[PDB]
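Student: Each chain, letter by letter, is given below.
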Amino acid sequence: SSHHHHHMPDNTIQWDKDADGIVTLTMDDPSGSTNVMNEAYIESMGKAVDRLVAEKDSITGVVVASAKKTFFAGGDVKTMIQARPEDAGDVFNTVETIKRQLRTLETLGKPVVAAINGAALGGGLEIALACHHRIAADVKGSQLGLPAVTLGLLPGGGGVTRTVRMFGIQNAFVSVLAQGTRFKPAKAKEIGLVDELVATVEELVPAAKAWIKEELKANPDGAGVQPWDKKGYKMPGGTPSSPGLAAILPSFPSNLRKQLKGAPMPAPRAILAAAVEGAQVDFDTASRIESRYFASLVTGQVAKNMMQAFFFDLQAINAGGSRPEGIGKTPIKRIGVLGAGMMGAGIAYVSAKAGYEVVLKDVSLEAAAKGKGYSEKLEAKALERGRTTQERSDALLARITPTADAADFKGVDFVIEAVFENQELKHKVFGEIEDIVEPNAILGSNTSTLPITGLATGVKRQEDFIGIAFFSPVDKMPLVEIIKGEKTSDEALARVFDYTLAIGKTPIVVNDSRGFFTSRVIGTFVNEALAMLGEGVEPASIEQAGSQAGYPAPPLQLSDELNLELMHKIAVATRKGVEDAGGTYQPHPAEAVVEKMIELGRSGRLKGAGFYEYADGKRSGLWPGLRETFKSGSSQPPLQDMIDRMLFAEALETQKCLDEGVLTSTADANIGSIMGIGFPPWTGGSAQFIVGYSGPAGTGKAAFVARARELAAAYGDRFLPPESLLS
Amino acid sequence: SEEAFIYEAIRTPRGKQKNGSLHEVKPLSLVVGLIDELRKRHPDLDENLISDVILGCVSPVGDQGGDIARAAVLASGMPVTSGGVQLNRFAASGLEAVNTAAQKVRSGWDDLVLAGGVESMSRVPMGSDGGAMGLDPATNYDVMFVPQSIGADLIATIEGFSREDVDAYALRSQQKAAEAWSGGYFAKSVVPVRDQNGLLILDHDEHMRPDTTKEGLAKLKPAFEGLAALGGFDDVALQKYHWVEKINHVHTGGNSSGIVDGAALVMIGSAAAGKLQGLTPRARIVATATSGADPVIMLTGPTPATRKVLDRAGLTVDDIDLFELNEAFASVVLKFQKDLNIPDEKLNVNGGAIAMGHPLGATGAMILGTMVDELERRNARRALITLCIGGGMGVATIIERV
Amino acid sequence: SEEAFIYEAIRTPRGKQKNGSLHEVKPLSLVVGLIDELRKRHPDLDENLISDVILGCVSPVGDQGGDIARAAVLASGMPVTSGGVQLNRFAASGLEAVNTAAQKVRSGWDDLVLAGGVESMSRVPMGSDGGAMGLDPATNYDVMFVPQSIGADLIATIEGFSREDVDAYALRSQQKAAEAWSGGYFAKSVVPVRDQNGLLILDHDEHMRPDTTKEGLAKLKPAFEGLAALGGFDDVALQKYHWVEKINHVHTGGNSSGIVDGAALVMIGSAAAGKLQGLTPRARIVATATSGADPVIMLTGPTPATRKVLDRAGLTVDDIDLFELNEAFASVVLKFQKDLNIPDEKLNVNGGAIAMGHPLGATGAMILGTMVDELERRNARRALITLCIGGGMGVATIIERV
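Chains as they are written, first to last, in the deposited numbering: chain A, -13 to -7, 1 to 720; chain D, 2 to 403; chain D', 2 to 403. A prime marks a further copy of an entry chain.
In case anyone wonders, no lab produced these hints; they're calculated from the structure. One thing to keep in mind: the hints can contain errors.
[As the list claims (entries may be wrong)] Okay, derived cross-link-like pairs now, EDC-like style, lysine to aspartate or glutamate, Cα gap no bigger than 20 Å in a straight line:
| hint | chain 1 | residue 1 | chain 2 | residue 2 |
| --- | --- | --- | --- | --- |
| 1 | A | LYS624 | D | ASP45 |
| 2 | D | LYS339 | D | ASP320 |
| 3 | A | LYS61 | A | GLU32 |
| 4 | A | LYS251 | D | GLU246 |
| 5 | D' | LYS19 | A | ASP275 |
| 6 | D | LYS276 | D | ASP45 |
| 7 | A | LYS251 | D | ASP143 |
| 8 | D' | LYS19 | A | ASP277 |
| 9 | D | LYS247 | A | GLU606 |
| 10 | D | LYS276 | D | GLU25 |
| 11 | A | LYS611 | D | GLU246 |
| 12 | D | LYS27 | D' | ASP112 |
| 13 | D | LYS339 | D | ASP47 |
| 14 | A | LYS403 | A | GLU427 |
| 15 | A | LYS346 | A | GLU369 |
| 16 | A | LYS49 | A | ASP11 |
| 17 | A | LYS254 | D | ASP45 |
| 18 | D | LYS241 | A | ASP634 |
| 19 | A | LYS254 | D | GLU246 |
Chain A extracted, bound-state conformation:
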């Protein structure tokens, strides 16, 4: 139990004690460009902390700075993902040592100030939280927060113990901890996470040493003593024993299940537990409870799932994984968007938000103005929130040129298409514009189901034709499904791949096939629900099984947004792809349920009536007559079987897309399923859900095969596992 991990890595901290006795610890990791909490940092901080305890006589203050672009970000994800349940001892001792170093730096009896130049994420803020004073530079792009919950972990370096002490249980949980909210340096000072702000980063350290000289002279007793280390400390909002908090304290876990909708996500409940159980005891005991909960998550499967998808899979896609293996760079000078609907308007926004000159075009100059107005009601609601200025927002709306004339595309080197799914329509619309724009222009098409191979036959330069499937709403949905046609050039992939990164979105590469990958897998999801409804399952259970599985929207509710008559046409197109090939089409039992609602005149919310009942443009409960139509309640299977049916049907269909070449890697399958079809993040993706499965039959791919065979022996042959993972 020391300051070091062992009782030969590099050194990551500099030392500088001026003639006034103010030590300046400048973190500067040589092996990388980001100060990350690794094994080399723990040894460097131990040598620097032990030196502070030995030289405390000739020291009057400490300033913690950094020499990178950012302050300090995250931790060693390579190691936390490998920690097995038997490694919980080393995981517990490691975070205990990291907090023992901070607790010594915190209780040093001298002012310790943090100079936050850039990002302070995860373990970065937890070092600043251990400081008595915090100064942040108001540089755009600097973030401050504890986003450990996104990776399935909790801030186990004093983040929970100190944020609860600074703001209270209620404030710190909902605003800082439970969602991993990232804050600007201006918003951070607003809530108390930052105490002072400076214009540039050069003002940081001289102001930190000026604050220490002021704190020592004006407050000699309380210098270097945190508010919770004083005698009369009173936690904001009270401890769990005070009457004010104890009256509303039972509502905290219930409000958490209300937000998470009963999803099996163990991280947000562990954060709430360590937050309350830490307020009942002292800091040093609270610091140890925070560690025991942290080691419980690291050795768990859900954390390894999220760390695999939200870190390794995301950094691999942004690295250029599924990019063409070797291609150069070609810029974009003018973007042309066809159609001013809900899709074409948002595309013109996210393109113009990245500073791209957009020439929006619909059939009419009237609707083209209403297409730009979609982005106007996005900048106005952003101007009300104070995130952008009037100068920048007027430059964004100045790049979009709505029009109805086809010759205005003269000079466009990147075309976007966003009209209905009609092959003869897309053939003529592209035919009116192919000879107008630059010859090098990319001919992109935002398509849902229509194959890109057939759509490319309507243009002369088929190598420049490609599919760019966005997602509604375009301003927030970050996935872009890039469909690769048979004629599509390899350069066309890179030009669109680089464009997606330029607009801050995550791309995936998909080979042309039926339903692509998102629309193909999300269909099996809504089909499994409609299958249950036809089997006599209660509709209220299907909506709970959908939300408890981890989906953002229940399936029947999604089956109303996705027009019920639109899905009937998808089954018609699939019934044509097989019976025009000779084979006998085997229809899914959900297709008969769709036509049963079509015959009743309830084909989704668009008609004003589907599975729910709608009034004044608002969803108002389920249809009362839905139970008599399908004899609901006649079959009552376990809820865990319903959850596994909607999850396996998507995991099995994802595995088929990997074999059929629809997807190249599993990183595009995991990230593509989450950021697109809405797959539960606790699974880490639809492909990760197979190898990371955990149930009452085992763990891993082997247990997935047994459970899939168990579901197939009771709910149809469609649940049998493919050969790519069988035995």
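Given the coordinates of chain A, work out where chains D and D' should sit on it, guided by the hints.
Tutor: Okay, now just chains D and D', sitting in the frame of chain A:
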């Protein structure tokens, strides 16, 4: 081996929270006053044979802390060899104190035992003792904690009980409580609370509103709905009961139990203890049982607890003459009536907690003493006492008039 | 009728107040961990036969409020038909939970019952539940309230026990507790407290100071004397014991019980319940008794409680092989030894609360489980368990190895 008999059973009038007559009386004084009444009824009783004094208390904090049963033994002048223990089983703490006392007698290791409960909710509010499951996030999240208020609305929504149905039961409870006081059924049982000088403080269950109308209950608001929609307990309860779409908030202030003060005492002993002390038995404990159901609904407990005590005693529903379920919520009683097909002429014949109030720690002993005196008035044989318990628990007790 | 048998008896290591290992563990987790151990010992046990879970708790407030027994049943995954009740009889709450469980079995109305107690004194200090008699002036004045600390000094002053005498008993308690751990008598009984990951937190009674010397105890100060001289409880105690001139303050921190955390569980059931569940009995509850003495001394209770349980079971002091009195104070044990002429080779053979600590709610079950395992090691027959209770009470229990 030994047979447990109820020799006495008394209780105090039930006050109220807002401007209650018993808000000035310490809860220790409520237990002492009932002990003083037992001496008034049997002055030549050797209190050294009293082996234990068992009290039920759901919030044993402050005035009710420190083994109030022992504080009642010392402050009333009882022999110091009478012990005293306070147990907490939520709303059934009073009935379980009677059960524990009766089971102590059958063991032959105790002769004569006092049992009952006490709860001054106007001085010690409900939940003042904290909560191991409600306040702990890890426990509140793991086991789905949704307060009893919503669990009643969920039963009514599941079993199909309308707002008029629960108001129809709350009305007859106000009537049968007013019919019981007018006929003087409680004159022998209820012991008026008098101060030190002897001046009267309260002599009647003052939470009653006997002039209640069907139209007056419908004008009320479900104060149980805002706490559910704001706290988020509606969605939590529906996550386990996934086959229910919407919770119908039917429970208001006029069809739920009242927050009142009170205390009750029951004298239990063996046949040899009563003969030696010159006491005649008034009832005999046939059998007791403890079971439970799901904790999310929290109130389906009295259904399997009644089935367990009936099969253990070798009886059926037809063999029982009176059923007494604590009227914590109206839908709880209608649920119990539908599960076992109970004729409502045998279900809370002298009203219940909806009109007269529900003191948490003492209700189990109050409704027991009500059934002992009613078996004698009706000259009936068997009576069954049940209570719905927080945490999805259930306790039932069968008594037989002797 | 039915015979009550002890099938299992386990406990946790006892922490300490100042920088205790169990200060981070919620008391609910201490009861759950022992339930997890019982499943580890009997995985093929139908827990639906478990009729009740009775826990003793002297300060049921905050972490220990809200029927922690029920919170232990729901949070451990036990069947919801297992009930749960928390009773408070001061220091004997754990033993009375065993007594109430055993008396429940003899009544035939319960099959298999868990019993024990829990008290995290480092998180919930003693007296946090308030006090009906201590804080009420009318009750504190009428019945003469003088804390247990002075009552021990009064017994030593009355019975003529010197400072060296109580230090001679506190020394042998530190030795016989160190001799018990070295010989491994507690290896089967004590269940180490492990966290969620399984990492060890505490595996030994850490309040012990086995390197205690006779000269080290004499250097201590009676912290029991300043509170008596300032609060004025010396003169109050001497007003009833008027034949005593001066109170000799002999009790310090080294010869009194320690303020420690801990929890214990005992599995009790009928012979038919154990045969059906594949369990073999380890001991049999012969008889229990509840008596008491004067509340001003507060600790002369275990003397008539032992005489009552011996005459009821038809035995004498010579018929008992082991005596186990809770070492709340040294003079309390020397008093009990002199009243009944007990050979000190039969009195707390494996140490006691002076060395290993005294968790209020769980000590009665801890020292009981110590006597069950010691009757098997010694291959003896009968053992008698007693505790001194606040309020001048006393509870004794005789067990017989089977």
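Student: Evaluate each hint against the coordinates.
Tutor: A quick look at each hint next to the structure:
| no. | hint | verdict |
| --- | --- | --- |
| 1 | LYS624(A) with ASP45(D) | violated (71 Å) |
| 2 | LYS339(D) with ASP320(D) | holds (18 Å) |
| 3 | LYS61(A) with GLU32(A) | holds (18 Å) |
| 4 | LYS251(A) with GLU246(D) | holds (15 Å) |
| 5 | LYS19(D') with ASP275(A) | holds (12 Å) |
| 6 | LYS276(D) with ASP45(D) | holds (13 Å) |
| 7 | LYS251(A) with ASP143(D) | holds (14 Å) |
| 8 | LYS19(D') with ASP277(A) | holds (13 Å) |
| 9 | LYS247(D) with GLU606(A) | holds (14 Å) |
| 10 | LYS276(D) with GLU25(D) | violated (39 Å) |
| 11 | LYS611(A) with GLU246(D) | holds (17 Å) |
| 12 | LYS27(D) with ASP112(D') | violated (39 Å) |
| 13 | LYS339(D) with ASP47(D) | violated (47 Å) |
| 14 | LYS403(A) with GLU427(A) | holds (10 Å) |
| 15 | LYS346(A) with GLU369(A) | holds (12 Å) |
| 16 | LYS49(A) with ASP11(A) | holds (14 Å) |
| 17 | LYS254(A) with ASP45(D) | violated (65 Å) |
| 18 | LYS241(D) with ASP634(A) | holds (15 Å) |
| 19 | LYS254(A) with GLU246(D) | holds (14 Å) |
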